[PDB]
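Read the single chain below, which is given as structure tokens and is the form solved without this ligand.
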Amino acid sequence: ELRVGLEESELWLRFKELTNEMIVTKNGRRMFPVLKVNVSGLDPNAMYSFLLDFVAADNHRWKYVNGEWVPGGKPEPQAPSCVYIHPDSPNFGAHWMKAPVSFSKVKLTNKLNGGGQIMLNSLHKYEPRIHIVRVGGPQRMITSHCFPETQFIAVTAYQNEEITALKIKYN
């Protein structure tokens, strides 16, 4: 059985208990913490691409009111985010299972951009998601996995100083 696990859930959980925030910029900003995933039960000889996208966790815009995050009243449909391809892709099952798969180079932006960067809607809450795509075989297959622990609100600057402090403490 193909097993997907979050590396450093310990640390992600400290961020989640405060409501995590991730900065988005015109040119794109790298994530901290970085999403790192442990995968077992791949065919070491089969070929795979690792894909990352972000699900809008609810249909609302969020605002930091009186030191607390609160959702707007006016939900809108949240279109699916674009997918980021892990730059090691495509690669053998053995490659992926030999060390945690680290999405260290994805950049989150608030603007439609050339390439690479993933555009998110500021003040929307997101749940990171990966897709493991078996490629090069005749039989294409996709396994998807969500990481609730890694939820965050996309922000142009930090609202909760407790997040600012944690970001610096563990970087």
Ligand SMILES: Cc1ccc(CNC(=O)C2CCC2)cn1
The other form holds:
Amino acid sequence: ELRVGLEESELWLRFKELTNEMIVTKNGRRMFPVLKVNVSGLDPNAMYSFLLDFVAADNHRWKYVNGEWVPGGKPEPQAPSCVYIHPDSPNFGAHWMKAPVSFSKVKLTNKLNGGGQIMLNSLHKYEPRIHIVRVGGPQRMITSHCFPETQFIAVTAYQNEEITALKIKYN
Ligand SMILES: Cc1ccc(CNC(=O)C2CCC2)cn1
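Having seen the form solved without this ligand, can you show the form deposited with this ligand bound?
Once more the chain from above appears, this time first in line as the rest of the complex follows.
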């Protein structure tokens, strides 16, 4: 069976217990922590492209009110995010399974922009998601996996200083 697991879940859970925040910039900001995924059960000889996207976890705008994150009252539908293709794609199963697949080069922005960077809505909550796409073969297949542990709110600057501190302590 194709098995997908989160590397360094320990550390993600520290961020999650405080409510994680990720900075977004007009040019794009790399994520910390970085999403690293353990994959087994691929055909070492089959070809796969790894895709990363961000699901809007709810339909609300969030605000840091008196030291606490709280959702707005006025939900709007959230158009799905664009997909980031791992730069190592497309590649053999063996390649993907020899070390954690690390999305270190994805950049999160708040502005519609040339290419690469993924645009998110500031003050929305996001759940990272990957797609493993079997390519080249006749039988195209997709396996998707969500990472609740890696939920965050997109912010233009950190609101919770406990997050600012953890981000520096562990980088
Ligand atoms: C950074 C980068 C790497 C590879 C590619 C090639 N396209 C794919 O792999 C498609 C996604 C499913 C097939 C484009 N961009």
